[PDB]
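The chain below stands alone, shown as structure tokens; this is the form solved without this ligand.
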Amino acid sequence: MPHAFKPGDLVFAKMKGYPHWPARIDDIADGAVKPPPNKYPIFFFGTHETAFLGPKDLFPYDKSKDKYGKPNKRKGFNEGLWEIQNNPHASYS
């Protein structure tokens, strides 16, 4: 069965103004800013930016890649597709 999101989970994450975007659930460093209730730190592949999003905007990757995994013209998107496929757990900092 599915569980609550945890660090390392791979998703497509939806933000306003962007296509559903390859991403992963990150962990929260000690003393770093914590998310709002029921939100998670989402690291976006390709752009390497992080935002706080809730589960309504998070689509498990395996289930959703046929729909959301096609290349596009957005800055960083195709690199993000490559990173989630080839080295999703790497350090990109």
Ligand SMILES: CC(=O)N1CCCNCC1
Second form
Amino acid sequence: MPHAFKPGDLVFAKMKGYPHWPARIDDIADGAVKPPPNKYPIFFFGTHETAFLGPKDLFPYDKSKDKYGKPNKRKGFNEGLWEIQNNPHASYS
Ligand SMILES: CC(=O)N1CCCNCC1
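Now that you have shown the form solved without this ligand, what about the form deposited with this ligand bound?
Next comes the full complex, this chain leading.
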């Protein structure tokens, strides 16, 4: 059975206006800004942007990749697909 989301989990993450996007649940570094309650820090592959999202917008990557893991015209998306498949736990700072 599923657990709660934890840092390192791979997802597609959904935001208004954008296709389901390859992403991971990030850690919060010591001294860094914490997310709001019930929100996770989401790191978007390809764009390397961070947003705070709740589980309603988080789709586990293995279950969803057949649906969501296809190339897209949007800036950063295809680089994002490479990252999530090839080095999803790397430093992208
Ligand atoms: C984090 C964010 O605002 N976005 C929009 C730009 C593309 N990355 C997907 C989600």
